[PDB]
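In the form deposited without the ligand, a lone chain appears below as structure tokens.
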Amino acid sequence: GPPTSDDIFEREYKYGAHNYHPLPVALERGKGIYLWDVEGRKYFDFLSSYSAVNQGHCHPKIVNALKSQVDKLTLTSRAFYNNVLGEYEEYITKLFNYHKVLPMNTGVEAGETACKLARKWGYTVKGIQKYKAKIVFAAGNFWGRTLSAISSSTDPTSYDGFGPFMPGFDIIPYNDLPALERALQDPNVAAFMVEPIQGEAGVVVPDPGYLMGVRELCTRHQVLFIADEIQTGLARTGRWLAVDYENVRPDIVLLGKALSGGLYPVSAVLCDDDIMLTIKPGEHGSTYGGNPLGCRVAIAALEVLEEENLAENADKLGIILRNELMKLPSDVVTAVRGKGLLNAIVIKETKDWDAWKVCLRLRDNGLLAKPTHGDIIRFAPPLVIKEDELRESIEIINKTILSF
């Protein structure tokens, strides 16, 4: 088949579902912070696969871990034991400090597991009457595309037309303690699920003290605090978990994306015994969850973040990026925000230009990024980037923004 970008677009339009509207670029190779298309052109990756490639594309140490296990064993299922799962479980639990881990594959799967864990704990420990348990969510949230995940969404694009919704899901505003407090008055609430920073909403960072307040309010009302760190976790914001900035310990933590460096779908639910053990043998599972292959790549992927001090780099580099982005004109950039290497700028949609246009020109100029709402562009380059490369990227951003 088709070796031209236009041929690649055409073949997908014909044989694939139209559930996505991609930026017209056809990539075939990626290494570190770089991506090359079919026409041989080189691009700075400022999307990182939505934070799934924190360690850069095809990181050698992660790649070798995959190559080393494929020849040995890749899948036995959890009906038998393999030698790799135990190692990964011991490593991840001690690294984050929780008794146990429940392994799954994709991000939503981790979110569903946490909801099942919260409901089961709600009924068996808190003593909520059977099928009256509620889980509170914050407006702007994103945790996946299952029927359950779109039922807590405030985005019409996600739920409109998707049959009847999952009951028991409440929604309150984000970054609002009084709202939370009011909602937790209902003794039927089992958990509150939140993102320490809302990514898909447009990198909305809550006020300092928000996570501390949530922790206090949840502890006080005997409600589980579930932190979704699938996008904000793993060094992306400057810490192992974004929650670390306020020294807060959630009851359940969700990890996904970058947990495999982009080489395999691996996700995890971390929590202590009193919550985790409410699920008995045969009550929950997944065919590929906890397979030998994904466990090997996750160990290596976690090691790369540690050995290379990627959080520290993200933290230091994040400051420079943001500082430089605040110099741009206000008639184009109304806001700059973020933490570590998860940032965003807000474009002033006028009748001549918008975020999609800015992204296309940014592409023409060598940098890949995608808008999140038509006026919000997110910048999230692999954490392995160096200051010189970042400096180079910023020049492209300045050049592009100012050329309008």
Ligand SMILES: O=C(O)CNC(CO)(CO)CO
Contents of the next structure:
There are 2 protein chains.
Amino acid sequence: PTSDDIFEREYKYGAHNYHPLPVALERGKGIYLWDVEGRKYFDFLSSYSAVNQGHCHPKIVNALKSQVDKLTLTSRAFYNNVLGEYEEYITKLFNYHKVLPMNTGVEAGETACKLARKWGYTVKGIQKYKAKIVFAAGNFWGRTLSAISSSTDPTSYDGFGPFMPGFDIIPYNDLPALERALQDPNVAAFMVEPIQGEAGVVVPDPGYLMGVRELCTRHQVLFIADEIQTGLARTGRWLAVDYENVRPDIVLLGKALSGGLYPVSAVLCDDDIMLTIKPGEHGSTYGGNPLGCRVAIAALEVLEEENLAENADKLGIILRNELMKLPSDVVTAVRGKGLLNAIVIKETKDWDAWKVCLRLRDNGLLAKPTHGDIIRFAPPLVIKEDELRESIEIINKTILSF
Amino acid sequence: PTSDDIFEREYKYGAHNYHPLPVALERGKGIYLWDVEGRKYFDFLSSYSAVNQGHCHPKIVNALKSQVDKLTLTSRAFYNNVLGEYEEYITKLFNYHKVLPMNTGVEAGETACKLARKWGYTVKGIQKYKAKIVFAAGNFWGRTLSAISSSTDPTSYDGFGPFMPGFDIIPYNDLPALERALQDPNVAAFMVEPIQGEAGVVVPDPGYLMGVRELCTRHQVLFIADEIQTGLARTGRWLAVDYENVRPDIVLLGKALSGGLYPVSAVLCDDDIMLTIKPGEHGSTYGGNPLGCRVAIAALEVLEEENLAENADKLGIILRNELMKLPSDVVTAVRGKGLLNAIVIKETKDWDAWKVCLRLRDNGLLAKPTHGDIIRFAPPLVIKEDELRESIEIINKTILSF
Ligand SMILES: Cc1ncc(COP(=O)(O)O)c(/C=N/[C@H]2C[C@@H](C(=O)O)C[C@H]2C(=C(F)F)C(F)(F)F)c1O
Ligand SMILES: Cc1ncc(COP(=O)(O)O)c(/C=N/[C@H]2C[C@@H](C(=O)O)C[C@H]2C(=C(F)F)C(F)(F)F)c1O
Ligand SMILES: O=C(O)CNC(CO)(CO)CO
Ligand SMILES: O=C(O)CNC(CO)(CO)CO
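Follow the form deposited without the ligand with the form deposited with the ligand bound, if you could.
First the chain shown before, then all remaining chains and molecules of the complex.
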């Protein structure tokens, strides 16, 4: 069963909601992936930063295999013995009172919106159903009707309305706009990514996150930080907001929370917010199941025990330093923090980010474009400096082969 | 670490969005669960019908263990070698052109709403953003802002607005109301459960589903059948709609699609609907990952090879027959199809569905109430007639001990 067979068969029987890069992967471990013909590749996408810990990390695998022989799902109608241990661990690890477990990133975001609105009505005293949540243009937090309603990307929302009311949108990295938006006492929260991933790794100016926290406190507005892709060592800290010593009111985690072995996500906040939701008022069939909790506990331990945040910090400097050695004729910008990085391609009609990624694949490195001029470079955080330097050679050899 | 310790620790560190039955489960297999003190129980909830195949079915476990050592997540940016095999299998199994894989039940529902609206705008010709979707009162399809906006249950939606526009609600099991609702040419779809699970196992009159299909065809409206809990042999057929030989335009699957080992869900429909969504316009980080696909393929094979639908059919008759032998003084109604069943309790102030389930737990059987007068009985479909008869004894011994 060849790569071409694999492409054709997905095309026949599967929805066309994606156009993947033409590579048919069968196997992966650490920083490497192998296709069906056995060719070996560096993974510079990390499955959108879900395999921070490397593919099939043995510690997380063994947690999965130990638990799958015991108990995988009771539903939340009864207690299991794993969920709390995970809850005690993750809430102490991040220093919040409580966690609400969900499965996917967008589910954690919907949860955060529901906490914000409920807190707005039952604590802040907003009249029912006047609550607003402010978002930054360029945000991406998933594909539900609610998530695309806050998007400014036409490919997310066009053809899918009517849209959820009560969302306001302001420019990203703009504190005067946030100050103007928070004049409305019916605003309950501001939700924002510490670095906008899908918008093309857009890093806000130093002090932005400190100013956000100040404005939210001053106006009695919840600061929701979406760390589903910036968190868990990807940017060189436990949370990207740690760079400015800022404590959000709600933190969203996902992707790397499981090492890529299970959809696990989390909403962290204190009691005065979390307990606004009463029993029966929110949940999920698979949220908090024992199998995902065991996996999450191990995937957090791997991040801590192997010191991947400081590894991501020190190697990201190296990565960005080498990438700017590329000629400004061809690479117009280098952006990133820790091991979440991007380069912008001077998109002539000679060439584009898609053709670059095709040739990168030919030379053994997997990455993928985000707007035809942007290419993300985000390898697993278990990569070593010598392995990283080999990868930079493949990027050099590719960019300069045009 | 005792059951009481387990309760207290979840209470301290976890959100209070649930009030589970006081039982702390550590282990499960087949139809049985064991708590931390070793006591053994019949599972008559099946984790809300996600473990149709029994807890930790060895065939599904071995599929998980084989794949977790190989590759668990590439993201949809590249191809993996498993996804298509699953897509070919499930689309031929249910006789639709295509499948769109997602993770949770509510994600499949949001997907169905987005397909319906997109089809309404790009095929039916509804002006943008006038599309409507009709739902039946009592529906439950999840906890996103969109899903609670169609709910008529105040505990789902109260305090969580403002709500998604464009949803109409009609009585369930009411064909004249549907005919009245579909007079609006801007309606794109009607979404409905063949049996309303969360509303208390509410079974519509014979012919209802045939009348729905006729009205939807006559008015050029998509018939979306939510089988996330009625499907996959739970009611005695592959799809609950199979009882009336009705083919919906969109079918939603979830829960049992994985055997309870992984959150896997699916949206099935033909090309003229499915291909309204173009690349980049919908997706999910974990949807379609190789690990969940291997698990789903095995969990479907277990349903087919062990003939659980006919087993569920023949044992559900037995179950409902015995349950009506209970005195009408105390059990006001018995409802269900296949192995999805409920009894209604004459809720005096002497006693209620919660106290019944407490005493059922004391006598070794796990079930749980849904509105304080309704108790669901839904054991795994691998149960045997002799095991089922033992369980009925525990239900008899409990109801008559009051
Ligand atoms: C900050 C943030 N909050 C929530 C979610 C929802 O999480 P989810 O519901 O998917 O679990 C996401 C998900 N982002 C995805 C979805 C995935 C895909 O489209 O396949 C590609 C991906 C992505 C990343 F991560 F950067 C990119 F390409 F869009 F740019 C997210 O980035
Ligand atoms: C027909 C249908 N369509 C979609 C979904 C969403 O699927 P999901 O997003 O959860 O994967 C569901 C989920 N129903 C759940 C959620 C779970 C919980 O509240 O913990 C209890 C449960 C339930 C069942 F199954 F009957 C009950 F108690 F609400 F009555 C569903 O029934
Ligand atoms: O009307 C618009 O332009 C947009 N309105 C919303 C976003 O601001 C929904 O998309 C309001 O929630
Ligand atoms: O206004 C209402 O009573 C309800 N409106 C909606 C449901 O019909 C949203 O909850 C419209 O989508």
